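Colleague: Please work from the sequences and hints to get the whole structure.
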Amino acid sequence: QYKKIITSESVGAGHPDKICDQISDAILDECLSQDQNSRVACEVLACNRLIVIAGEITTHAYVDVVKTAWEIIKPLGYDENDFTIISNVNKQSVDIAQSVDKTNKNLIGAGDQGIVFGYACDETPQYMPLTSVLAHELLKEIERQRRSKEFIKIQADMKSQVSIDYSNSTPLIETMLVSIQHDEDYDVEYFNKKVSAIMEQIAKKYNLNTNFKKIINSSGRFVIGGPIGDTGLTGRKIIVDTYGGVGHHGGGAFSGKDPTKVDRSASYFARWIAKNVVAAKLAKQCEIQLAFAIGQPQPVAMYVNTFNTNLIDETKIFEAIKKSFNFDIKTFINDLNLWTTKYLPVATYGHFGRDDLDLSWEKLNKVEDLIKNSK
Amino acid sequence: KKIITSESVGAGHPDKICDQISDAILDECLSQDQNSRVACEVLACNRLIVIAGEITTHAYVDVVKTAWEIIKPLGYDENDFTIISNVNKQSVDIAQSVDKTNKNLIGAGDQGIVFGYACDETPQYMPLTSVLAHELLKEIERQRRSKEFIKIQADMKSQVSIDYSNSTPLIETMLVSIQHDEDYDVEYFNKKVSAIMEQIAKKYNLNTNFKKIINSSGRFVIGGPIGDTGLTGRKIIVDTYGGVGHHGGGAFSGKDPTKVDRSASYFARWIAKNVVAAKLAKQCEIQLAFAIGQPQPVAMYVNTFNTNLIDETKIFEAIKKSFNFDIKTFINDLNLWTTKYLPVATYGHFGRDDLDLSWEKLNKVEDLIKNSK
Amino acid sequence: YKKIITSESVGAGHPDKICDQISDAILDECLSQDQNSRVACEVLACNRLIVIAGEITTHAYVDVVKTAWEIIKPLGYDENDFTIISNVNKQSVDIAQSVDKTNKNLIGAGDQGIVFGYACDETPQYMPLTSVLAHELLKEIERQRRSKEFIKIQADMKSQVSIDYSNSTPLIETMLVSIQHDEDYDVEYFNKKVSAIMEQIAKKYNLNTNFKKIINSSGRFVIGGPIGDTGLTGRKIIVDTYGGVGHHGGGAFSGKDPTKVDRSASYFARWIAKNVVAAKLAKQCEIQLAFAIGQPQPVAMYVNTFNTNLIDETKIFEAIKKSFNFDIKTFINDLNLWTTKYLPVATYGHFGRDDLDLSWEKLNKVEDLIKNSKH
Ligand SMILES: C[S@@+](CC[C@H](N)C(=O)[O-])C[C@H]1O[C@@H](n2cnc3c(N)ncnc32)[C@H](O)[C@@H]1O
Ligand SMILES: C[S@@+](CC[C@H](N)C(=O)[O-])C[C@H]1O[C@@H](n2cnc3c(N)ncnc32)[C@H](O)[C@@H]1O
Ligand SMILES: C[S@@+](CC[C@H](N)C(=O)[O-])C[C@H]1O[C@@H](n2cnc3c(N)ncnc32)[C@H](O)[C@@H]1O
Ligand SMILES: C[S@@+](CC[C@H](N)C(=O)[O-])C[C@H]1O[C@@H](n2cnc3c(N)ncnc32)[C@H](O)[C@@H]1O
Ligand SMILES: C[S@@+](CC[C@H](N)C(=O)[O-])C[C@H]1O[C@@H](n2cnc3c(N)ncnc32)[C@H](O)[C@@H]1O
Ligand SMILES: C[S@@+](CC[C@H](N)C(=O)[O-])C[C@H]1O[C@@H](n2cnc3c(N)ncnc32)[C@H](O)[C@@H]1O
Ligand SMILES: [Cl-]
Ligand SMILES: [Cl-]
Ligand SMILES: [Cl-]
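Chains as they are written, first to last, in the deposited numbering: chain E, 2 to 376; chain H, 4 to 376; chain G, 3 to 377.
These aren't lab readings, by the way, just hints derived from the structure by calculation. Every clue listed holds true.
Derived CB-CB ranges, DEER-like: (1) H:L358 to G:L312: 41 to 49 Å; (2) H:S149 to G:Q99: 27 to 35 Å; (3) H:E185 to G:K68: 37 to 45 Å; (4) H:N335 to E:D83: 32 to 40 Å; (5) H:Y207 to G:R148: 55 to 63 Å; (6) E:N107 to H:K75: 29 to 37 Å.
Sample of chain G residues lacking proximity to chain E, with all beta carbon distances greater than 12 Å (derived): (7) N38; (8) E72; (9) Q146; (10) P172; (11) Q202; (12) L209; (13) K215; (14) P298; (15) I313; (16) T316; (17) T342; (18) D356; (19) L365; (20) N366.
We put the beta carbon where it would ideally sit given N, CA and C, even for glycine.
Modeller: The structure is reproduced here in structure tokens:
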């Protein structure tokens with residue numbers, strides 16, 4: 002059919018790529034709790050019966066990577082004998098470190114080159130694309146019910162996908178799709194009814210229609226799951242972690258990385274700018290691209306896109322942003338308290354628009370400055 | 004000439020690194036849970052350490068931290084090895100055989116044969132060859148750590164040959180190989196080793212004119228797991244009697260006392276040592292054989308190598324009357340659930356007058372003398 | 003008061019023996035491609051991991067995965083049962099310069115150490131009866147497992163044979179076997195098969211058939227192989243040699259090229275001892291040889307005939323010195339060790355193998371020993 006049907010996904014806490022992101026970030030959190038000058042780039046692979054914990058860490062901390070891994074996998078139903086754990090923790094290259102640690106100048110140089118995008122829109126109270134919001138809410142509710150035993154005979158590996166029709170000014174849900182790992186002895190009629198009710202409850206929470214197509218466990222059988230069914234790796238859900246394919250992406254993964262890795266810290270910074278632009282009613286949608294060079298303390302380029310939804314001249318938005326924000330890396334890392342933020346909570350259900358958390362980059366504390374500086 | 008030879012290896016020898024990590028892990032399990040079942044095996048090669056085996060316990064052991072405790076005093080750091088942790092549980096089929104329904108019994112954790120040995124050559128009741136080989140390396144490693152012997156590393160081996168042709172033993176050869184720094188001074192090194200060798204000979208009142216073989220390869224800069232792969236249980240002759248005693252093939256390190264390879268070997272040593280200390284024989288070797296799940300040995304043989312000072316049958320009888328052969332009972336008699344095993348993972352499990360081991364105590368001499376009437 | 007001596011064996015599916023077989027299969031492949039290979043291959047097999055490690059310098063290429071599958075497939079495993087880790091380091095150049103003398107007609111010993119060779123006149127193999135019987139039991143069971151004459155068993159197994167030497171005719175005191183069996187086995191059939199095999203082996207050696215039989219004493223052995231117990235190369239050195247009747251110097255054989263004197267000098271010492279006994283110079287003979295790394299001959303030797311010498315001990319010692327060449331390169335060549343296949347000795351012992359044709363088992367030095375013992 003000829004329609005503007007846009008679709009986003011989410012994955013659950015027992016999805017194998019997400020297991021890896023959680024182990025990465027739990028390891029990071031333990032390092033930063035002990036040593037706020039740590040350099041951490043922790044990458045995890047989970048396949049069949051092997052978890053590999055790798056990457057580059059220089060720190061005065063000590064993290065028990067096995068115990069950390071068990072903290073992620075035990076609430077999903079795994080035990081201490083399910084995986085071989087390989088710890089292959091190298092140090093940070095001293096050639097990278099000397100570029101980042103500009104001790105001479107009181108600066109932080111970017112930890113790599115790269116491009117990041119921040120995005121926000123006015124479709125939801127979270128300032129996020131509705132497709133992404135709904136996809137995450139479905140899986141958060143299913144996992145909440147799995148743990149409380151309100152939804153029985155399911156497991157933690159799951160995925161969702163939500164399609165919205167934006168052909169006219171009011172969004173309508175077109176399709177909600179979920180796949181949930183289930184026990185062998187499940188009752189498919191009970192399962193279908195539980196999923197259908199969750200789907201309707203999420204639609205009603207956002208005041209949307211309830212007569213959309215429902216695709217429920219389309220494979221027809223999902224008993225094998227987690228890393229047994231599919232290999233996970235850190236940073237393989239970067240679109241689920243961000244804006245569901247509505248926002249552009251520069252390719253950088255977040256989990257496992259300390260704030261000197263601009264892939265993470267500048268992504269958060271760009272979100273904070275974009276969200277405040279939209280909350281200030283300067284635009285309905287805003288995307289901020291920032292580019293970096295390794296060792297340089299400021300971005301090498303910036304572009305601001307308001308998708309023709311700017312309410313004032315784009316040059317005044319651009320100017321207001323430059324006057325309201327500090328683009329020095331060390332400074333924005335400190336402005337967002339990134340050394341003392343806990344990252345494990347954002348390793349599932351997305352890093353942005355988390356009205357269930359209290360993230361620095363989600364604060365609307367720049368609206369007044371943007372309004373004043375746009376005049 | 005009658006020339007007998009034994010060896011030892013140092014704390015940085017790669018097989019011994021593995022034995023030490025195995026026993027360190029075991030000691031941590033038993034400190035938390037005295038009913039742990041542990042069979043921890045370790046491999047160290049180039050830049051990989053693999054920690055494996057079968058553990059069922061209430062304890063939690065940080066295997067990485069434990070491994071670092073062994074390798075850091077040898078000069079390694081946290082980025083030298085990838086560590087693989089592959090801890091499986093104990094087979095429930097083995098467990099039901101060991102943990103009897105009758106809760107007063109422990110079944111043997113496997114079949115097997117063990118040998119215990121003792122002789123009257125040293126105050127340790129050990130072969131002189133083995134005693135000297137270990138003492139050389141203990142002194143070198145002591146000096147490495149105190150910095151009295153500089154520009155050496157922890158991987159080392161020794162080998163001592165004794166001439167037993169006459170009634171006084173004579174040292175024939177002492178051999179040492181010690182990993183050394185690239186910028187070492189070979190003259191200083193040779194002089195230090197020569198003096199250590201003489202100091203050990205003098206400590207045992209022996210001759211000091213023996214052949215000395217010092218770093219025969221001519222260069223030993225590459226060492227530890229980089230130079231040679233280590234595995235747990237690959238130094239079982241060094242761990243025991245230096246080739247003078249027989250061996251049944253079972254390794255010690257990493258095993259809880261329900262593994263009779265370990266606990267019955269200790270028990271057999273305790274018997275043999277007390278037999279010799281009681282002056283029933285000059286040398287005594289005790290063989291015990293086991294069957295998995297059975298609480299007592301299925302066979303025993305006592306060999307005194309024609310050095311018995313009383314009838315062999317009376318020794319055999321005195322042993323049967325003086326010791327309890329029930330596994331659970333001898334484990335408890337030797338306090339094996341609360342003994343620390345790390346200290347015996349280097350420099351041998353027997354004749355350690357530097358330690359205080361239950362199986363080395365001469366507390367059965369009076370019983371053996373009384374029961375040999 | 004009975005004199006009861008006991009020795010053991012293990013089967014081809016015993017996890018330590020799996021490791022010895024993979025080690026020697028890798029060695030055999032290296033030597034088939036490059037007769038100057040230096041090989042020290044060590045293997046670990048746990049739960050679901052096989053690690054192939056050690057030090058190899060060669061022009062050969064060995065597919066270690068394919069080689070491991072060649073050992074494990076006839077035992078019932080498949081390509082998805084194990085993760086395989088290949089960690090092949092090169093031989094230390096510091097060892098190599100000591101072994102490979104500039105004088106190209108010499109080989110220096112690959113290490114220090116002590117080895118023992120042993121032989122006795124109890125069996126046609128010139129081996130302890132206890133060891134011979136223990137191996138024969140498991141060879142026959144494994145033969146029947148493969149031909150399907152003995153059903154519902156698996157390849158992990160052990161034996162232990164106790165002989166009563168109190169009288170001039172040996173008596174079997176106990177035969178013990180443990181065999182991994184299927185869940186749905188019939189214990190009555192299983193006990194009858196094992197009992198018959200035990201009797202058949204006794205009758206083959208003209209021994210009594212009324213001995214104690216200990217058959218699967220654990221009462222259940224369904225879990226086995228590396229799942230039930232961790233294997234490592236070189237952890238059955240007494241099973242590989244003389245069953246605890248002969249002394250041992252601690253060196254393992256499997257995975258090692260002939261420049262490793264732990265292997266080649268052990269074979270040489272066996273060859274000497276066996277020929278001494280076959281020449282009727284003694285009923286039992288044990289030869290100890292000691293080495294120093296880089297030196298082309300032994301640094302010590304001791305000959306023990308256990309008071310069974312039929313001529314003066316000094317003449318035995320002299321006859322040995324006159325009949326054998328103790329230069330390492332020379333005895334390696336005399337035993338054709340560069341072209342012998344080692345896989346066949348990785349199960350059921352390296353000595354007294356009347357089922358194989360090994361150079362170190364040949365009685366081709368009897369004539370020299372007799373001649374050189376007279377004057
Ligand atoms: C264990 S950390 C801290 C040790 C000591 N506390 C200090 O301040 O030096 C030292 C180095 O270990 C390496 N490493 C290996 N495994 C590690 C882990 N599990 N936790 C932290 N560092 C690890 C990192 O490269 C790190 O820089
Ligand atoms: C379908 S798998 C990916 C392809 C897979 N690696 C293969 O070898 O074909 C990706 C994700 O889908 C989910 N999945 C796994 N098995 C599934 C099934 N049987 N039905 C539905 N979804 C499943 C899990 O979340 C898994 O991470
Ligand atoms: C961690 S332990 C103890 C858990 C808990 N305290 C209890 O009593 O149940 C549980 C199982 O973890 C397995 N395991 C895996 N890695 C381990 C490790 N590093 N330390 C101890 N047990 C380990 C052993 O199989 C053990 O029986
Ligand atoms: C000689 S190496 C063993 C053979 C070795 N795996 C190979 O690839 O030839 C065994 C031991 O001797 C010692 N070693 C290593 N390099 C040596 C050298 N260059 N000189 C003398 N001894 C050495 C170490 O203690 C090591 O564990
Ligand atoms: C692959 S081999 C031979 C390559 C080439 N044919 C030649 O003669 O140089 C070269 C080195 O690779 C290493 N290597 C790593 N894995 C190996 C393997 N699987 N088989 C053989 N050598 C291996 C050994 O250290 C060996 O000395
Ligand atoms: C008993 S296991 C060794 C100790 C063991 N690793 C543990 O965790 O207790 C040693 C060998 O005995 C045999 N074995 C394994 N399970 C057995 C069973 N249930 N009954 C009898 N023998 C078994 C296998 O050959 C295995 O290699
Ligand atoms: Cl996926
Ligand atoms: Cl060695
Ligand atoms: Cl075993």
